[PDB]
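Only one chain is given next, in structure tokens, and it is the form deposited in one PDB entry.
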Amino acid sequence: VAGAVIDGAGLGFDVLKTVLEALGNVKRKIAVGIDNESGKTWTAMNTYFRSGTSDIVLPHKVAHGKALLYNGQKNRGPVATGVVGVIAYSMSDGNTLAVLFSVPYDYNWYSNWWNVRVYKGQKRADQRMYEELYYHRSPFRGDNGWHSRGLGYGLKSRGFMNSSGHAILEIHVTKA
């Protein structure tokens, strides 16, 4: 009897929502804290999200001896996407401090990654800047380790990123 079709639909429907409420609860997020000990003032340009979003303003100014705090997180709902993108600040020397972060949904296939680079001139973050920092500029793993690196322009980085979905990226930018 078609009585069994109605229950099939019922079970089928309870499966569906269990699965959607599950994927809904997977959280991927990133706290970013960058310490400006560069000797110059940074002014915010933008954050290009390749994946996910943010709920806050990107701090506009950041003086010598101050820290910038920003964060983001994957899109709400049962999507299987993470939080991935690039933060671009212009510096008072005319150049751009850029910072990559990647906190993926599917840890089977992907890992956490980060990067820091100083591009020449004012460059807003975008799909190209992300592709460069992610695929072609020796990005660091979110491997629970500290990594130092010279940036040019009389500057060096030193940064840490943990390996979980509740990611934090701490970076210090000092005079090399």
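Throughout, rigid core stands for the largest set of C-alpha atoms superposing within 1.5 Å between the two forms. Only residues modelled in both forms are compared. Numbering follows the first chain given and starts at 1. First, how it differs from the form deposited in another entry.
Fit the rigid core and compare the CA positions between the two forms: of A31, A63, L58, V26, just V26 moves by 2 angstroms or more. Once both forms are overlaid on the rigid core, the distance between the two CA positions of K17 between the two forms is 2 angstroms or more. Taking residues common to both forms and aligning the rigid core, Cα displacements of 2 Å or more over three or more consecutive positions between the two forms occur only in 1-26.
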Second form
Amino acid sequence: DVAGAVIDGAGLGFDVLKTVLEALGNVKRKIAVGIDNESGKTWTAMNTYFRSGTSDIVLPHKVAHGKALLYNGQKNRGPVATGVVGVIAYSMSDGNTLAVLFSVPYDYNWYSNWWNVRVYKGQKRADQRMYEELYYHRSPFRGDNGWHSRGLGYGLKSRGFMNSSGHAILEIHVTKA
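What does the same protein look like in the form deposited in another entry, given that the last one was the form deposited in one PDB entry?
Left out here are the partners and the other molecules; the chain alone remains.
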């Protein structure tokens, strides 16, 4: 149960994600991400785009059906009042791309946690343009301590949960629709 590993999909839960958060140590803004692949396709890591922040973890390179990937991110170290915000992209064996936005801000007086999930047609790397699409145009979900579901198209659907604080857990399940 370390970031950068894959685990059995059924093993993914908030406990595993707190373990991942705990291993980052007591930094101010951090995220543990778990994505359960029940899509019937194999996923291959493409890249992570960071608007702000960093990860020392290599995306789990291959995520088979029935496995969950674990990942993390943290704010840039030092006296910078910024959070951790980015987009993960995995290529799926059907030729399309699974994209996941996460956004954990610095200042909770003014901003909140958000996430999103989308399938793109073709093989599309995560980048600033994708961040802008997922954040400003494709109806992101609040990290509001509740579950949110949506159909993804392509025979898939998503269900996920993110909490509201600056030590964020993001648990996502991708299933057949």
